[PDB]
Amino acid sequence: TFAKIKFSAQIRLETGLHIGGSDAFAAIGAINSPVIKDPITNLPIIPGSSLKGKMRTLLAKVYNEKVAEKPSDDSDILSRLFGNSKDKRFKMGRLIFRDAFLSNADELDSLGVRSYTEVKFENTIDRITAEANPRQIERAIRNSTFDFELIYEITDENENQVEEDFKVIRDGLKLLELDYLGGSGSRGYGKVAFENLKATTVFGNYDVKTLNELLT
Amino acid sequence: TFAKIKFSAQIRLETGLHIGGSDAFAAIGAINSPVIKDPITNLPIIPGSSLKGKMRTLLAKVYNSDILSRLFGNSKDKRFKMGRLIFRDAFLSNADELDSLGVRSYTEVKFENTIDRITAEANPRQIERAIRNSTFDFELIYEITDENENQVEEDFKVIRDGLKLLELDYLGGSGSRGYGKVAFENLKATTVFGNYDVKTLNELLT
Amino acid sequence: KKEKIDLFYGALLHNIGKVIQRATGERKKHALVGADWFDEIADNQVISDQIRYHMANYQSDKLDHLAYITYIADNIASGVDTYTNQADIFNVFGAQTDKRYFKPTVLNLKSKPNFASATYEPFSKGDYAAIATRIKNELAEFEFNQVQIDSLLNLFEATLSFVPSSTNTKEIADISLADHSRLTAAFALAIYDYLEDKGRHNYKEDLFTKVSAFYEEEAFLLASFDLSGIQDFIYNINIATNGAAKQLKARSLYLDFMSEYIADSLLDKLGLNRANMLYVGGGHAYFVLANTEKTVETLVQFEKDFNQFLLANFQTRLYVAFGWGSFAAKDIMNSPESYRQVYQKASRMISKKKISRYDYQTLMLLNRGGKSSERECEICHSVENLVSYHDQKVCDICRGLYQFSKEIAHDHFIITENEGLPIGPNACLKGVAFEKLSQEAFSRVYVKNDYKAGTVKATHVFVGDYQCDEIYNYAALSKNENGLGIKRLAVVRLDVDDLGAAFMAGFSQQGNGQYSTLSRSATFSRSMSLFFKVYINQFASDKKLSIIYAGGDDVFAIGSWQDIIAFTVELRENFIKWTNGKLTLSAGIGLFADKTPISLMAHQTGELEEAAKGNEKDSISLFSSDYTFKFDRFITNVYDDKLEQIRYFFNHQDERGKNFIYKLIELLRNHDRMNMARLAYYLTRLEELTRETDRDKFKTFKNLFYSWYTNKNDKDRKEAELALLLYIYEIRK
Amino acid sequence: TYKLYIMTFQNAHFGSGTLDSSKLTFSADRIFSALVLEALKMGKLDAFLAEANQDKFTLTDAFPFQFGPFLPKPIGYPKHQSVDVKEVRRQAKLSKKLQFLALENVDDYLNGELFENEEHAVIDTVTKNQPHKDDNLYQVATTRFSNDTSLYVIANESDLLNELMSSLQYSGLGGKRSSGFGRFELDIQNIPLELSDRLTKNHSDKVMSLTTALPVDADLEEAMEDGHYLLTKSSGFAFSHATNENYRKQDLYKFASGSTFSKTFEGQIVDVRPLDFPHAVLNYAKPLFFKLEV
Ligand SMILES: [Zn+2]
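Protein chains in written order, with the authors' numbering: chain F, 2 to 217; chain E, 2 to 65, 76 to 217; chain A, 2 to 64, 67 to 84, 103 to 354, 358 to 757; chain B, 2 to 81, 86 to 299.
Bound conformation, chain F alone:
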């Protein structure tokens, strides 16, 4: 068979997220580090490169039994899952991390929210001379959702990695429920929460009855 499987999920923000964007020289008093927004709707967009590369750099610590000097040196548990540039059979690596374009806006404007991107203020104080240095950085608002989805494709090339990859990706989702996923994380941004990890086999003879009993 050929089994493409779609992982419907709800990225709900808490401690609202900022992904970087155009640090091309913006206006004077305006936002210094603006968020990347989808140019049709101007809602915040969490692109798939942040998700895939962040889950790459976080599953580095989990499933690379050896220390990895670079993402080419990922093991053959992650090279088949996130792609690899120098491996023989692990190019085109089976996971299309689709984006999310701020799914709810009829809900988030039903709550009395002016704009979906707050402009939180920040500065820095040097320890010597204590000079201030202010900045206005853009973030998405707190209780947003994000209709995020994966595409895992099973081409009968594996035939044994049915659940050898979902214990990896589900615990990566747990990592992202703990770690920040995007932007100035160590100041406490991002903090996505993954809700309703709904897998559905959009192509293939396959059941989720052995899948969502682990993915909860």
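Honestly, the hints are just simulated from the structure, not real lab data.
Here a beta-carbon is modelled for each residue, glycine too, at the ideal position from N, C-alpha and C.
Misleading hints may appear alongside valid ones.
Some residues of chain E that are not near chain B, with every Cβ distance over 12 Å (derived) [what the hints assert, rightly or not]:
{"no.": "1", "residue": "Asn-33"}
{"no.": "2", "residue": "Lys-87"}
{"no.": "3", "residue": "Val-114"}
{"no.": "4", "residue": "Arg-115"}
{"no.": "5", "residue": "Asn-134"}
{"no.": "6", "residue": "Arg-136"}
{"no.": "7", "residue": "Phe-167"}
Restricting the straight-line Cα-Cα distance to at most 20 Å, the calculated cross-link-like pairs of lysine to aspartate or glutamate (EDC-like) are [said to hold, decoys possible]:
{"no.": "8", "chain 1": "A", "residue 1": "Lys-417", "chain 2": "B", "residue 2": "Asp-276"}
{"no.": "9", "chain 1": "F", "residue 1": "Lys-92", "chain 2": "F", "residue 2": "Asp-74"}
{"no.": "10", "chain 1": "A", "residue 1": "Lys-63", "chain 2": "A", "residue 2": "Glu-226"}
{"no.": "11", "chain 1": "F", "residue 1": "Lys-92", "chain 2": "B", "residue 2": "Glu-190"}
{"no.": "12", "chain 1": "E", "residue 1": "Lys-87", "chain 2": "A", "residue 2": "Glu-400"}
Since the structure of chain F is already known, use the hints to place chains E, A and B with the ligand on it.
Structure of chains E, A and B with the ligand alone, referenced to chain F:
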């Protein structure tokens, strides 16, 4: 019998698209990797070769042989040179509409980087994409000969199945990080200089 | 014939005693003392009386003689009928400008670039001992034969290329003596063939006491051959191909040797030799031949034979086009209208032959069918003589090209009958080192970039090639030892701006047609040959690059980008010293990443090259067609003024690193009216943010930066953006 | 000889012996073999061959169509104020790579016209690949049209012809057809009086070929004795349907379009069938002309 029918469709870009062209110069702060463009209008256009083999890289993953040989072509296999399909490009039908949604240029610049795994140093990119929900003209000329007349209706459940999978794969480049979800619409089946009725097909596509 | 060589040597060694009487300051004329020099070196009495009795008062002391030829061989070879230096060829090019004079030195390998000026108007009397006695060394015991017909034609190009003639003059003052001797021997061979094909014997009356009869008789041919398909044969390389520079060097050197051997087969098929061929360049080559049926029918015979050769191994991928203008002794000041209307007659014959390509038998043999072909030599799409070089199916010419690319690094090139690439009918060409020379069999050997003779008595061709490192590590040789610099490789394709117009019209802009002669054009094209075919190995000496192709009006040089930019800087800043600022060159330099293909890269370099061409008369195009400056604006403002201020400003401080440079580049690139206000905010906000010690450096730099940013010209803005791009690429980690 | 069939492509790939280059016009072997192969998809090859081996019909290769007629430069025929060398020597470089002319001063061209060639239909080159393969950088050249230029083959207005020409709309006419190139749109117009009068075939006069030609083996000597032309090597592989092989054709050297003559000849359908191959390979070259001054 002689028949030529075409697959009229508007393609829709649910994310960006990176289909790279000839690189010129970094230009220090300029876009690093551009998308391919029409040279007359400087508009983002999916080239037909990108549309052709991307279906072939998905039909081979299901239909495995002889059916891929008859559907696309081959170097060997004397029956199946010029394998009964002709594509075209995708000339961005909604430029009249996209001034009314409100957008400056139809090509955005997704910024990106490369955090090193140990050094923890970034490495930024300016990946140019074509913006969301742009609808493109897409036409696929299937041609029917007398020898094919046994399995013509079978092959029309492969091209439709070839576009049911292209809405589940990226149809572009650097598409494992998004840049895909490319959804077809108005996927009809007219006829163009060929007296074979398309009423056996239009309820299966639309 | 045997007497033909004697006439050639006797007329060619005219004014050799001028070097001697310039060396020692001797008596009445050069005419008597040159024959004394010839009597002192060796023994040939016919050549002796030829040098004795060439003058008007001297030829009566001879007698028929070989000297009544030798007089009229000289005066038509001279454009007109002491202690001065050689005037500039570019003194008569252009308009009334800075007048320069040459400096008398010999030629040496990768040593001297003798730029003319006014500082060399004083005269050197001691260097003749380094020249004339030098000849008295190397031409001490010179046997007068055909095997050494070659190296003596080397020797004047080594010795008398910077030595003038007619020192005590006022108007016509820039003829070097070596090319004058070449033209004099060519005219002697022309007179000898025209007078020995008509069978005339007594030259004492029809040449001497009635000089006007032959002097107004259309008895000369100005022949040429334009090669066709040259750039298509060079750029037959495609993308994803083995030979990056090996293939391209081999192809555009093999075409140069083909354009040399078409001459060297045209001349010995007649009685002529290298003195009759005036200028060989990029396929185009111009001659002086005699006018008779034994000239013309043999020309058309070898035209059809060489065309059969090119059709046999190429199938119309190359085509020789002859053409011969019939002309009298008219090109002596009528001199405007004497050159131009009949020099174009051979050019209109070139256009006539290049468009009525072949005859019925050849094309009838061409598309006669009779070939079952499955495999192709996908280099040139051909089928003939297919072999299986390195598991690919290529032809024999496209395998001898790989042998030629392996043997180009030698210094000599023999012509065999079955070894190497074919350059003519039963004439193949194979490279060879110096010590392997006298062992193998040959009939003509070339040497690349020498001035002394060598071993097998070679013809001294000139073709500037270079390999500092190989082509695959000019990326790796781009960073400094610190790691500062970006792993690039830049490709420059120069082009001399309208060398066709500088060649065809050129000096004819000046004067009333007084300087619209052939000698100045041959000397100018030999000067272009001597710069673009020898001297580029001097400007590329310390710098790390590879001159893939050079010569004529094109230089394709790949290499590392700092050395490529500095090499273009030094090439034009010594070319405008070489060419007095006239003939500005229009280079185009593109950056390309590591391991990107070269026919993908040569196309973009050519696109930037033609965009730099159409800018004005000249421009550099750097890293993209929107960076298009005059060279007079590029090296002075960017690479001398702005880049050093920018480098010193960021070296002698450590706050403003690369983020500030990137934002300055972006404000230089977007640049609406509002971005000048944003930059006036940016520099002033950073002005009070730097530390108090090195603060006024920033204050004078923002004062000096807002000068060119808001300069309202756009001639001082893209310059600064490119200066910052060059600095960023120089400090890339 | 009759009305001409306008074809606007917008995406063309036109040979030039290689893959990395592309022409603008297609030398009338491509359109002939496209009508021939399009007839074989219906089994209708014999009908077009019965038309083809008889001299009622004609053809003419492509030329630019921007609101009307463009024709070749008479190759080598601008006929020869011989001063002011900065102009009359300079303009020959800008009047040799011109190669396409307008009818409304094509008789002012022969008397001497400037003819700034407009940049209709710029040839483009776009790189392409093959993923997970060893050598993949094959550079597809692409002849991309400037939104009004068309190509207009001139032939006898036949219905067996027009079935083929209205199937070639969706068959494609160019190099990389199944990659989405060469798909034109067809809309037949009339001919002006100053063209269709001059479309002679036997006028013993100073005449110019309007398509790539090749004479009778008797006529070839008298063709070359007056001809000013080029050759331009009609070559390439042979596209059949019963091979499991790919054989080259027989290297037919045509007389390319723009071939001026005097005492015009009779062209032919020169078989360049591969040696011991089943069916013939037609390779049309018979010329429809244009009187230069007549
Ligand atoms: Zn080849």
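Here is how each hint holds up against the structure:
With a cut of 12 Å on Cβ distances, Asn-33/E stays outside the contact zone with chain B, its closest approach being about 16 Å. Distance to chain B contradicts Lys-87/E as a non-interface residue, since its nearest Cβ pair spans about 6 Å, not more than 12 Å. With a minimum CB-CB distance of about 24 Å to chain B, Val-114/E clears the 12 Å threshold, and the non-interface call stands. Residue placement check: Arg-115/E keeps its beta carbon more than 12 Å from all beta carbons of chain B (closest about 24 Å).
Every CB of chain B is more than 12 Å from the CB of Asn-134/E (nearest about 24 Å), matching its label as outside the interface. No beta-carbon of chain B is positioned within 12 Å of the beta-carbon of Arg-136/E; the least distance is around 19 Å. Every Cβ of chain B is farther than 12 Å from the Cβ of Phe-167/E; the closest lies at roughly 16 Å, confirming the non-interface assignment. For the proposed pair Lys-417/A and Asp-276/B, the alpha carbon gap of about 27 Å is over 20 Å, so the pair is violated.
Annotation: proposed proximity of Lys-92/F to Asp-74/F holds, straight-line Cα distance about 13 Å (limit 20 Å). A distance of roughly 14 Å separates the Cα atoms of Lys-63/A and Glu-226/A; the hinted pair therefore holds under the 20 Å criterion. Simply put, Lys-92/F and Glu-190/B have alpha-carbon atoms about 41 Å apart, too far for the 20 Å limit, and the pair is violated. A threshold of 20 Å between alpha carbons decides the hint, and for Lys-87/E with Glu-400/A the separation of about 17 Å falls inside it, so the pair holds.
In this structure, the earlier hints numbered 2, 8 and 11 are contradicted, and the remaining ones agree with it.
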